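As structure tokens, one chain now follows by itself in the form deposited in one PDB entry.
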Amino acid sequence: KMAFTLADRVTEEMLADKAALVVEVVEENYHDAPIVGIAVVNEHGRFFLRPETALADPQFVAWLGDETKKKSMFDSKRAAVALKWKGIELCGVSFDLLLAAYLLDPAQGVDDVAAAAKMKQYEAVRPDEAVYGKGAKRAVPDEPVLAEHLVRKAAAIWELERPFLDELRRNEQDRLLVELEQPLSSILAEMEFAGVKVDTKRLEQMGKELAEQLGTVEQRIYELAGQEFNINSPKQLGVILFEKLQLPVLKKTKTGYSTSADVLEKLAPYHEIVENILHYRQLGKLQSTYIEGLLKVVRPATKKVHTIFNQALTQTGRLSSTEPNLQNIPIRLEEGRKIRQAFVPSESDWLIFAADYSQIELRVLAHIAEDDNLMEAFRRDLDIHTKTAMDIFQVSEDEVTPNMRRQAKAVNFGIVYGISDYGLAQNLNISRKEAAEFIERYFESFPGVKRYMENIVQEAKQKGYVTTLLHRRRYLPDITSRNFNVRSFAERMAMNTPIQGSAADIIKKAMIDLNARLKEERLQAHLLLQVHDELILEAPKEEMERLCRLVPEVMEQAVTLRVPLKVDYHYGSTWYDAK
């Protein structure tokens, strides 16, 4: 039973200095998406406004953009970006219920106001999907039904703010929300709306050449197989490998023979065709995802792509990137890495600038574990990825290739995060006995890491959750399970989540600090992407010198640990050349 005004025009009482605000965008991808309705709840009452009315009203636009007029919202980034596409600036967001719910418990997967409301037994609001429908049936409902929904969402935010803030405070997470996540949200909104420019001429030419290449590789595979088949079907491929060619079956899953890359690599001594197939599947992913998939989402008039950074999704505090994912662009193989040549500055005589934290989760672990040897390694500015490489490959520091260092990187993180002898052995294609002895020596080098991992598992059993440096939390209710697999996975989340999450806390803080410095120094430079422990910027070529000092400094000083933080940086004419 909820009264509200379906307003025909904006009135002064709608423009109070505190309000719950709903700016509704139904489409999952909110870039250039319709705003279908607006709701405002404040001390004076409850109001629904039509966007064509409200958004062309100069007082309402003024109010949206006035930082002293405070708004509580759910997913303020979605509203901010949708408004930027409407040419309107949103300021003064003081509470975001999505971010509040996320910090209280990321496992709730809260994706609408109703699911957040449930956390406090508030039920005077419906789920979005129940209002709009799903798939081909998704639609905006009749105005009265829409209006009531948006108003109930705003009223929920109005009533839920204090109970959420109260609980965050009890958890010592209120500052994490107000000083970190909420300011980051506005920064991500800027990055997403800016977008990254793409060289479509180059990408399309790449794609044409790649198609010819796939054809050649495909026919070679059919020749080796003695038959045509769909190489992109693990079922058909399994029949070829394990029935026609009679190769050993190393692994099965629930649907049939495994053809994972791990398995095919191990079959190379039996038939050369597995190497061709691995190459083919790489090339096919390049074409489907990083050529075709990317071209499909380029906005043609500006040649820009606009990702969405999901800030309330991952269980550790990382961001994710969708439609397109710009956090998994190829780099490890030169063939794939060339895609990066198609990511270019948005203005002429600008350049791309990239900065990456050195050995980040190993520095974080040194600090949190207080491992004397590892802490001293970072004080000696050593490279643990390179050192591990020299060992596993029996090679000098000068003969270690970037590829070797990449592999050693997975060995280091594998070991500290609980890899077994079976897994390490399968990884380095070495003897299981050899792998076990290697793990043993690793923890004899870093015994504090070992103690830390034993202890954090016990603490997680006792408390039911683990925490990061800035008080981010993950609950682990499975960790005392009688079941071995269920318990074991939970134990390994206790080992990993605090470290990966603390690293996420750090780069989030650096983005805030960096933008503040950019503004203070009046630089045109701005952030384009975050890639977990990297920041990618564009700026006039004349700003590179400054950035070379400023960016790494801000990143390195974002937090003070018991070890130095270190940042590598590069710049060039394209994302590829920023190395």
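Positions refer to the first chain, counted from 1. What we label the rigid core is the largest C-alpha set whose atoms superpose within 1.5 Å from one form to the other. Residues that one form lacks are left out of the comparison. What changes on going to the form deposited in another entry:
- Of the two rigid parts that account for the rearrangement between the two forms, a single one contains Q213 as well as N373.
- 42 degrees is the angle through which the smaller rigid part turns against the larger between the two forms, based on C-alpha superpositions.
- Regions that shift between the two forms, defined as runs of three or more consecutive residues whose CA atoms all move by 2 angstroms or more after core superposition, comprise 385-411, 415-417.
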Second form
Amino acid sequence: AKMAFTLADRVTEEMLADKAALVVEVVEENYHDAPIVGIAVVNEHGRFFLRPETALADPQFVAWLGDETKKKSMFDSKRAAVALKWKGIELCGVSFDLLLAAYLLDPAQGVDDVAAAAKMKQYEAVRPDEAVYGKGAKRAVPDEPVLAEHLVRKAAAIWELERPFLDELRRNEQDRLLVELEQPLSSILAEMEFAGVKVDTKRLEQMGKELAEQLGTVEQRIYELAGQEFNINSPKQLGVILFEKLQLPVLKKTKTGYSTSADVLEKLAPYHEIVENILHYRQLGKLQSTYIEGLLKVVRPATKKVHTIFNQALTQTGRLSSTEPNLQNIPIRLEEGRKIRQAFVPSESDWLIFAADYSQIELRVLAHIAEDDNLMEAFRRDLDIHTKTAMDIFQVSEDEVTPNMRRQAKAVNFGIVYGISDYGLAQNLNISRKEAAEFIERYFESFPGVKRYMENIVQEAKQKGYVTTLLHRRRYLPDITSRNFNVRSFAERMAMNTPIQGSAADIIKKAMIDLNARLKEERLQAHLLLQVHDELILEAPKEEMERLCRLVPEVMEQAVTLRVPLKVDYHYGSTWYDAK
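Form deposited in another entry structure, per the form deposited in one PDB entry context:
Nothing else is written out below except the one chain.
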């Protein structure tokens, strides 16, 4: 805890070495158009703190930032890159990101500051961010000497930790996953976030006006059926109305009282019509609160764009998540909500939205990893996999599969991937549990490779302590041998599912890197706007659609070679809604 550094007034030459640890500090959680509060550089020649007002205005330092041959090691480089884009400055030459390194080594650690990564190698010459800045309403940037020491200690930690982290990744055969996948993807996500998605606010506002009217009508209908006014958005008050006033059967309880979940309310429809009304109301209410009001609150008014942040180092399976706003959960399943997508429009005139999605990628990945003959053959023939499972389960010819049979079979196919039990399947389908049990039993008799995979992967997790994905992502499962049934079972289901969900994440990430390269190689104006787990959304001039129609699906299908084909569907139109 005796670290010397130069609190510099101007930029000098020794600060611009061809290798440095760099800290560009953005304290606001949402880094879009957020202030840069300080800069630190550590390199061969010493340790330096710079004021942004000075440094970001100095052409030598800006030139260095954007010089791809001057290599930088950082933590959360995407944060810095985007904050710099808002200042009109390009960051290049990031060769090591400690956030992403820590994430690959163990996603469960929840590393989101340098001190937490430093903890993984018993390095303690740096403080947690929360300790320096404070929390909540107490959050503030400290006096310059305090800030400066903190930023320098973060840069110094990155400097000393790079090698130890690379050495462990290399031992895990994850070094290429960092350097050739996650780090390049970080730059692509930075582009997507900064570009943002344009919103038709006039349309959204009109939809909200109509929604408020409809909400009011449904609300009063509910109070009439209930015989009383109450807060419909209060599961507690609702529970009193349903299970005490109206005396409907209690199908499920939670730790706090009666359950009013959608699952339960659906099953109460034979008892009282009010439950269908309430379900409708809570749907409409979430549209209004989240996809109208919440969305309008984050639109930048001068440009009418929304700028999400894709968290690349959060999920336990290798997926991205999307926040403020979340653009990975925009409604699509009910037509009423799906219309929200009409408000998502191209950023330029005479441009269109192009959306491409993988068809059943998790089931194709399962087929591959399990090497199940019958499942692989189905995908090779492009037989409808839900129709196929229905024939095996119900033991009928293909022409005898009723749309209901297929419905149930779809539920089985998707449920197997999550380790669903017969209880869960029976409740999902609202069918006999004896029957649900036989469906699961027949499924595994029909796809014995899948059954072997499920057994083998749990045994592997118990023996190694972790499971792995196609591109070598890991997830540790220290609870897999717990003596407690609930704890152990949850970990076994994680063991089953994580290689599937995580490999699918690996594939779409590689596809984004390959797609970006191809777009840039052909000088297309098309660019990525969003990723939604198994879907990619782009915008482009209308002239480029013919090209994207061939290029995007091809790049996506060819991202990795499995034992079965990957299949991609695609559409385009004048709004996200119309790209269907």
